[PDB]
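J.: Chain residues, written in single-letter form:
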Amino acid sequence: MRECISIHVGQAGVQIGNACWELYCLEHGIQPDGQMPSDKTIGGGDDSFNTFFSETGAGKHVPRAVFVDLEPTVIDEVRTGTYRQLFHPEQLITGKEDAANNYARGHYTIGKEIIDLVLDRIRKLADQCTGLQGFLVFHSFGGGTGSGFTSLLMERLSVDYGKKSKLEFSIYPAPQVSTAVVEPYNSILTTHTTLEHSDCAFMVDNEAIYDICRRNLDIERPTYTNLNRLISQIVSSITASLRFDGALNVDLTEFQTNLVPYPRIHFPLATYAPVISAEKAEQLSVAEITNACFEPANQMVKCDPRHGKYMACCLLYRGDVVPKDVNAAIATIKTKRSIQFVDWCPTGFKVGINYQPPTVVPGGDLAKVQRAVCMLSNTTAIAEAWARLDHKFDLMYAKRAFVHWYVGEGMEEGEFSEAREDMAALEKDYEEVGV
Amino acid sequence: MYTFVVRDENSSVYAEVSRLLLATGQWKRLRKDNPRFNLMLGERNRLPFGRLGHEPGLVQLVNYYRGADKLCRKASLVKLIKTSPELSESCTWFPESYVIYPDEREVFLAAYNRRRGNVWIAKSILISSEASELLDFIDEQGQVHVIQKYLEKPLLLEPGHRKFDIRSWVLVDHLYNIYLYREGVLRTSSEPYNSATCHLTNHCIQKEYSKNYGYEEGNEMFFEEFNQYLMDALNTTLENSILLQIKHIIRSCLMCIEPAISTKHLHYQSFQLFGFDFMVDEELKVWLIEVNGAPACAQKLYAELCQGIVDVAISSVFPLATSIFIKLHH
Amino acid sequence: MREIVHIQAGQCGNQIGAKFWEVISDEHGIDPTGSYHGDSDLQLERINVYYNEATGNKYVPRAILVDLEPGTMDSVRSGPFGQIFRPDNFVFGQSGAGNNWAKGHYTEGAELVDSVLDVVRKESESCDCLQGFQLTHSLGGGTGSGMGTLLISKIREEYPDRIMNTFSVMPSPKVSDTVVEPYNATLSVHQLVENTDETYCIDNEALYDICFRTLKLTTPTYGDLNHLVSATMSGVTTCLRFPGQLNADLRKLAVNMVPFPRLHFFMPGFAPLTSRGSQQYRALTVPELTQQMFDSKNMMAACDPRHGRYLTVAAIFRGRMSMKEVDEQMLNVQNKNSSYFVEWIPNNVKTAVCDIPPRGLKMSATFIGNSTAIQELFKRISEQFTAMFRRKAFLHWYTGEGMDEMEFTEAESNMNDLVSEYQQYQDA
Amino acid sequence: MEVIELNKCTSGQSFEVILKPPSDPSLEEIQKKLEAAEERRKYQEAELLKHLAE
Ligand SMILES: CC(=O)OC1=C(c2cccc3ncccc23)Oc2cc3ccccc3cc2-n2cccc21
Ligand SMILES: Nc1nc2c(ncn2[C@@H]2O[C@H](COP(=O)(O)OP(=O)(O)OP(=O)(O)O)[C@@H](O)[C@H]2O)c(=O)[nH]1
Ligand SMILES: Nc1ncnc2c1ncn2[C@@H]1O[C@H](COP(=O)(O)OP(=O)(O)CP(=O)(O)O)[C@@H](O)[C@H]1O
Ligand SMILES: Nc1nc2c(ncn2[C@@H]2O[C@H](COP(=O)(O)OP(=O)(O)O)[C@@H](O)[C@H]2O)c(=O)[nH]1
Ligand SMILES: [Ca+2]
Ligand SMILES: [Mg+2]
Ligand SMILES: [Mg+2]
Ligand SMILES: [Mg+2]
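Protein chains in written order, with the authors' numbering: chain A, 1 to 281, 284 to 437; chain F, 1 to 102, 126 to 139, 144 to 151, 160 to 231, 237 to 254, 256 to 362, 372 to 380; chain B, 1 to 42, 45 to 360, 369 to 438; chain E, 6 to 28, 44 to 74.
What the hints contain is simulated information worked out from the structure, not anything from laboratory work.
Any given hint could be a false lead.
As the list claims (entries may be wrong) - Once the Cα atoms are required to be at most 30 Å apart in a straight line, the calculated DSSO-like pairs of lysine-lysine come out as:
hint : chain 1 : residue 1 : chain 2 : residue 2
1    : E       : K25       : F       : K74
2    : F       : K247      : F       : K305
3    : B       : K176      : B       : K124
4    : A       : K338      : F       : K251
As the list claims (entries may be wrong) - Partial pick of chain A residues on the chain F-facing surface, computed with a CB cut under 7 Å:
hint : residue
5    : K304
6    : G321
7    : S340
8    : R390
Where a beta carbon is used, it is the ideal one built from N, C-alpha and C, also for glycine.
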């Protein structure tokens, strides 16, 4: 068995981390006190779930996770929350003051003074690993810590664990629930500095999650809790293969192998279905949920895949799903919809089925369903999100608005244009592939 | 009060549209690069569709369908009809066409040699009875061309013995209702058609050789007159002999690409105005020539048509405080 | 735990300052003796931002009272919440500043500044993480203006990486104490441009016009003006001292509100406008709160926002209301009047909501605008300054304290630079 | 249309369906960045303190 370490940075990464690890405990039958009655090997384990949990002589199942935030408010609620007993104190790292929504302050000023502490804590979890695959990094683009410190941590992880894989789960900024006016700045700065260090990154656009919670869950004013319980379902769908016995995406390397033919273009589009309101009296079929993966309204990033080219597709089913029903849906979908692939890639769908139906937080907003699918498809259409974001950067930077805050932290102005120029390369890479 | 921007100054159709909207007192115009807009009169080339539909609290609408260019480019229109099971080879209203680059050379030659009337036409503008003449003229240029069978037996307007083509304006709204403006126009040739200037009628090309003008004003004949002619000359109506086939081709083409350009479940909404160009032969058969994604209008019908755009296309999504269109159902 | 150290200097600075402390003390359920008698512990979650705990569970404001004469500070200590202030934190002289910037800044004030700094240092060194300072003062007098800016320059020297915030009261001939107020204000604005991160411009011309036109007060007094100032200061600090506010602090406000270092002079607004002792019984609708806080008649700076453009906007709604309605109501303002927002700063309007309303209002809204129309305020002061300075009138009051004419010429030039700079970004 | 590599097990199964064949900075370099930023911070601050000293 090969272990995976999850690193949660900033407010978004920490709170989404809470949602995910709560759901993992429900999916694996682990109590808030870490006790797992189903596990029959106490203190030791070669099981599938041991890639994410370690075991103490007392039978306690401890997540292979570290939580990092520059200010203590968000992690303190984890320290006193309903899963306080799960994590041990060393895994929770906080400072006294945040990055003030400033990439430079998270990377340069405040990052340098805590980076070594975080690495040592990380090393102490790797010591307990007989075979480390790599890391899963959760963070936001727009936060000063999520963007700034994360990029610095990704630089050092490539140094201290060159052989290991690193996957990102990134929150793309949306005005509907954003925080700072400079989030486009921080998004481009961190994407430029992290690009060569991330093997595969799943962006989640808060706009998409927000609109799904409004339409499908009938929540008027969605909260971070609403968004995170839904985001955690998607993250569960994506990591389930690492945690449950299976044959598709059994290690982090497979994510790059099956979803990233071109290294720089490593942002798969995620689509989920079905999302059903809890306070409701219809069970969707396999064809129906499979076809739903090709509706814009169900995508983690809003964009139109009809006008891009596919490079890879994965279908991850959970619940009552048998292969024949999947092929009957695919052949039925391939005809009516235009799924154009790139010439140098086969029109193929890698499929994975897990029999345990999706788990939903008791009393949450999502209803329990008999079958769900998460499609991972690397489309050029996601370049629409880079273009949207780069334009907002161009509007502010053309006046040099707010730049003095970054330069005051020691960052040179040239890093801005150097970052923007990298993004302009990224966009042209997408266009050459999409034609 | 609603807001709109303008990003195509050259458009004569939407210059009138903006003028009508402002007059209503319930629409305000904003600078080109202002994102807080309800409506966008976008540019012809590389309109930034990817930036629409991401403004909280703003229903956004644009006067183009992304991807509808596959119908309005000659190389792609031919491709659309050949590779679409909804069109050919059952399609009998599109002139036999081939796309060759300066495929489909081999397939074109086989059809020509096998036919050996063989008068073709290459466009992206040559008309030859020998296949060899067309290609030599094509390789000179660096743009892709389509070879198409020239209609040797076109319907001729008498008196004058002259060729003509029909322009039909079609409007598609956010619901994908297909609206055919009741007023069409024939673009006729002043020069009498000669089998061996008068072969091409584009008005602009007609002023170059002003043989005749005010059989019709500006070489334009509208349906009321054209219909009377068909009744008196051929004992038929414009509706039965020609319009039934136009409505079919219009329906056929737009329902084909509907699942690829529809904005039913999109974060922004689309509508567009198309200019279909038809030919009519000796036996009152209608032929689809081309589809224009950004057409102009005939001065006589500018007011009526542009008003109808506001009524069915704009105010239908942004309402204010008998129709001139023919709804083609589906 | 991010502490703020509050400083109030001079007559005006101590009067609004005192009014500010009794108002927020009531909002947190802190009685005049410093003991908490509230009902909800939401009042105590972030009470440390402004209060120390000391012993016996008695909260003491983190406040320093400075003045060059004792008169106003004796009045504070006589007041109802006068006993709440730490007595060691009263720092005063006897000479006075005679409405003379030079006396506050170079002569009289210099003799006493080190004593203030000793109290500041005492408060700062017991802070788990000091986030910055807020100073209340006027610019038309001598102590708050001349000595106030001297403190700010010396505080920055000792705490160069902390946020400096001020509540600055701009003079007006409509509410004038002496003819030299334009001299004192011009000299001070030059200091504020260099040494503050955020200044709330509180214009006595606006406060007077609101009291006379909107509130129908024939003869408004400083008490009435300070009632408007009191409600504003409570509004623009709500997010700093109540929970569930995204950990809002002074630095994040400056980062998002100030796109250029010199253009950090905010226009405050408040709704509904309420007179002292004039309490009305129907609460405003969210549409009403939104319209009035963007209305010129609710601005505390005396500038027409339609004469310029918003670089950034922060608003806070207080009370039990429909947040969804709050969202729709704010979005329509930007979508309706998108011409008054610079298009080169996307999403430059932030909205916050707090469930706890202020005393005597079921709901209210406070406006913080970074508008280029603020240039109207500095142009007004510039014209007054120049009308006297072109005849060197009343200057002997300043040259007799050691100042030279050149220093006036330089303050005049800098303020005119500030004006033309605001007009630069009104182009877009 | 075509199915390959069908893997079954207790928890579920996975397979691939084909429909069409196809047609480095070091640790010290990071320090030379972080320390270069700290020095620019301290230079700009010395320009301030010296300005205040004037
Ligand atoms: C949004 C919030 O909950 O608080 C914040 C306030 C705030 C808002 C209103 C009144 C205030 N008064 C004092 C201090 C902060 C505020 O500033 C901000 C102003 C902003 C103004 C424009 C764009 C973004 C902003 C973000 C903040 N921003 C970033 C993190 C937290 C806060
Ligand atoms: N989906 C989701 N998004 C979040 C959450 N928390 C914050 N965000 C988003 O993250 C962005 C703000 O970044 P934060 O993570 O809060 O900032 P940070 O990493 O703590 O860095 P600082 O600037 O120091 O606070 C905004 O775009 C928010 O919408 C969350 O819990 N769920
Ligand atoms: N296959 C064919 N048979 C007969 N006539 C043809 C023809 N192809 C083109 N034409 C003639 O040429 C005109 C159509 O030209 P075409 O539409 O290809 O040019 P164009 O597309 O640049 C003008 P528009 O702006 O309307 O699109 C008509 O006058 C018609 O008589
Ligand atoms: N709004 C308000 N303005 C005041 C108050 N007291 C004085 N002022 C104004 O402040 C200026 C006088 O300065 P003042 O504070 O009295 O002088 P100082 O004691 O030297 O600081 C004039 O512009 C007055 O109009 C007050 O209580 N409220
Ligand atoms: Ca075990
Ligand atoms: Mg934070
Ligand atoms: Mg044509
Ligand atoms: Mg006085």
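J.: Would you mind marking each hint as holding or not holding in the structure?
T.: Status of the hints after comparison with the structure:
| no. | hint | verdict |
| --- | --- | --- |
| 1 | E:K25 x F:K74 | holds, 28 Å |
| 2 | F:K247 x F:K305 | violated, 44 Å |
| 3 | B:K176 x B:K124 | violated, 40 Å |
| 4 | A:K338 x F:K251 | violated, 52 Å |
| 5 | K304 | holds, 5 Å |
| 6 | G321 | violated, 25 Å |
| 7 | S340 | holds, 6 Å |
| 8 | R390 | holds, 5 Å |
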